[PDB]
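First, one chain by itself in structure tokens, the form deposited in one PDB entry.
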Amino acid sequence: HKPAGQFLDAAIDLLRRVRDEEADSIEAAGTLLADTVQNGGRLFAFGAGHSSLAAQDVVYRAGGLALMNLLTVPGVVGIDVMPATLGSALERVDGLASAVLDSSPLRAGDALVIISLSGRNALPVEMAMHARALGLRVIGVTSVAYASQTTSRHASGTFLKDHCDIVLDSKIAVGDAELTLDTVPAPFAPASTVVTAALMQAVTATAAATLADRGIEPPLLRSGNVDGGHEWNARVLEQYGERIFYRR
């Protein structure tokens, strides 16, 4: 078959694995987010580089929770950095994650989602360890297969998944590459953003439904271009503005 359809089939199969193998962990994570909102805590999401894309996909998003904030490490917010190679170097800088966390409004009881495919670099591992040391609840979105087939690059020798309250397995095989061509020597075509974005949307949707089930109107963001959307968004900001950090 053609490369487009092989790649799309590989992404579909990964989404089936997530659906069929992570349904309980997704509900657990959604429940944790719901518990955090109900108990008055704050919600944050982080990833480095391309792992940042899934974190951004649930922040200030139509049909997403108004309460989800982005935790930003300058230089690794997407590949928005010059040179782009610096972003990869920053993932190995000990102390950066703690500088970001200590400066943030995150407190004990808050919930932080950490997206890291390999879970082996210093930044996301330190991110999780120090987050827990501050009393945060940590949800990891990580391919656990990496932990059994690679060595940690953190001084502790451990992986992201060793420091999460909840681990969501993003399934991607080591190498993040779904296609192989007889012509091409190296595998190519990564699906990890497809899968991590879908996984994150499932988690946040679950948290939103769980709050509804408890008789709590979920603070979802609405399109401005549907009547009442701006009225709705203003009420949510006024109700939850103290836990929303991307606007005032």
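Shifts are known only where both forms have a C-alpha. Positions refer to the first chain, counted from 1. Superpose the two forms; the largest set of C-alphas matching within 1.5 Å is the rigid core. First, how it differs from the form deposited in another entry.
The Cα shift for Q56 between these two forms, taken after rigid core superposition, is smaller than 2 angstroms.
Positional change of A11 between these two forms stays under 2 Å at the C-alpha, relative to the superposed core. With the core held fixed, the Cα of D24 is displaced between these two forms by less than 2 Å.
In sequence order, 223 to 239 is the sole run of at least 3 consecutive residues whose Cα positions differ by 2 Å or more between these two forms once the rigid core is superposed.
Since the structure above is the form deposited in one PDB entry, I would like to see how the form deposited in another entry looks, so please show that one next.
If you are looking for partners or other molecules, they are not here, because only the chain is given.
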């Protein structure tokens, strides 16, 4: 009955929905990532604002793939920007996504994961459209409910999911808040990061397992806060350095 327990039960239920409903889509996404690695492509992940956090959770990560890179749009990497409200405004700027994609090392055949809960703003929609125009395969992580219950803010009138090769439905109801209190007019307690991080790990875990099943050793990193982790990672990062862009 207490707020902590109510929220955790809501987050568990959302993870159960993802587990039971997105299993095939999660498998398809992880296989696409494994295919890209095997065929010599690169892997990148992007999200704006708090959606950036699920993307960061698979980059340079204990237990994660060394080959996963972060696509950084300046000002929307998390909420670090001053003022934080500018991050919201940058999501409406046409041409930012193309500037970032055209400057990056992404090329035809690469894989880009795009996390956007609403999927409705110019920046994530343009990112998917332009990435596909460049020949990239695009996985979207998005709450498809928003496409029926909100209006697109992109000039095309379309949503992120309309421009993805694979869509992972992150389930969050419109408003991104799981609890209400009678005395309190606004809902509170967002689970979207709990859910999207879990989806991303499920996707990358599938890619690692798929490579292994094909007799290809997945390039996995260890935690740097367990003795020997940094030594282990140095070997891996050097080995796959050519397709890793967060070190040299």
